[PDB]
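Number of protein chains: 2
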Amino acid sequence: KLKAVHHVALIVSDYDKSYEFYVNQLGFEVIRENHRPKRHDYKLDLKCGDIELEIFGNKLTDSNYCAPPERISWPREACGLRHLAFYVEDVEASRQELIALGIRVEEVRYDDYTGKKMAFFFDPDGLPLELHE
Amino acid sequence: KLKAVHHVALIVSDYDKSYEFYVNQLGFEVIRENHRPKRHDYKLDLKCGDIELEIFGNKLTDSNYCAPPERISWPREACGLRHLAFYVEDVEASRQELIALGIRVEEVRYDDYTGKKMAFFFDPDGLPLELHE
Ligand SMILES: [Zn+2]
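Line by line, the protein sequences give chains D and A. So the first sequence is numbered by the entry's author numbering: it starts at 2 and just counts up by one. So the second sequence is numbered by the entry's author numbering: it starts at 2 and just counts up by one.
Hint data in this document are derived by calculation from the structure and do not stem from the laboratory. Misleading hints may appear alongside valid ones.
When chains are identical, the list treats them as one kind, so a pair holds in a single copy or across two.
List of simulated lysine-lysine pairs, DSBU-like, C-alpha gap at most 30 Å [what the hints assert, rightly or not]:
| no. | residue 1 | residue 2 |
| --- | --- | --- |
| 1 | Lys48 | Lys60 |
| 2 | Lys60 | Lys39 |
| 3 | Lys117 | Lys39 |
| 4 | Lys2 | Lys39 |
| 5 | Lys44 | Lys60 |
| 6 | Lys39 | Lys4 |
| 7 | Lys44 | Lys18 |
| 8 | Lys44 | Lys117 |
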C-alpha cells in the first residue's frame, strides 16, 4: 500500500557547488543539514511540496574526499533512477528565471502524452532535471 | 517556484520483469503505457499519490533490445539519483507482506534524524527502495 513518496535521494560530487545550486539558485527550503563524519558524508534535506529531497555529498576540502563516479549518460543511461521533474505553473517563465541565474535550459518541449509544456536542465553533475506544467 | 515533484523516472533492464514487480507486486496503478520503438521503447507511467513514476525499459523479446548498463552500487554509487522512499503507515507489516511476496527486505531500522521506522528493499535491477513511517 505505497501511498506517497516520502523522499528522493541523490548523490553529488562537490557538496558546496551543489548546495549553491539546489538551495540558492533553485530556491529549495532547507529542512535539515547534517554532517555524517564516519560516512565521509553530508546529508542535506530539502523541502519539495510534501516530499523531501535528500542530497548526499562531500566537500572537496574534507580530508577523506573521494569523488563519486560520474553519472552514466552515453551511449545509454544505467538502470536505476533516471531523472526528476518538478511541477511548475509556467515552464517558459521558470525557464527564463533559470537562464537569468546563468543555468542553461533546453528548449520548451511538449509531454508526449498530455501535451503539457516541459523543459530539461542539468544539475552540476549532469543530473537531468525537468520543469513540467 | 518549484512547487512539487511532478514525476520521477527510472530505467529497468527487463521491461516485463519490472512491470511484474512494480504493477503486480508493489500494486502501483497504471496510468498509461506507450511504446515508441527506439524513441523511448516502453514508457510505463504509474501513480503514486500526487507524483507519477515513469518506468522506461525494453522487452527482451524486442527485435532491437540492448540491455542498459547495471546500476553502480559498489564501492561508491555514482552521482545522480540514488534511491526512492515511500510513506507507509506500518513498516513492520509492509515489510512482512513484501517478504511474503518473495521480495527480500532488510531489517527494520530507525531514521537517524527522527526515530521513525524504515526498511530497504530492492527492485529487480538493484534500485534501492525504502519503506518509511
Ligand atoms: Zn521525464
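For each hint, the structure was consulted:
1. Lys48 to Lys60: within (22 Å within a copy, 36 Å between copies)
2. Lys60 to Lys39: within (12 Å within a copy, 39 Å between copies)
3. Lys117 to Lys39: between (43 Å within a copy, 22 Å between copies)
4. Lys2 to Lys39: neither (34 Å within a copy, 33 Å between copies)
5. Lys44 to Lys60: within (11 Å within a copy, 37 Å between copies)
6. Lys39 to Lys4: neither (32 Å within a copy, 32 Å between copies)
7. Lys44 to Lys18: within (14 Å within a copy, 33 Å between copies)
8. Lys44 to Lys117: Answer is between; shortest inter-copy Cα gap is 17 Å, intra-copy 34 Å.
Consistency note: the structure conflicts with the earlier hints numbered 4, 6.
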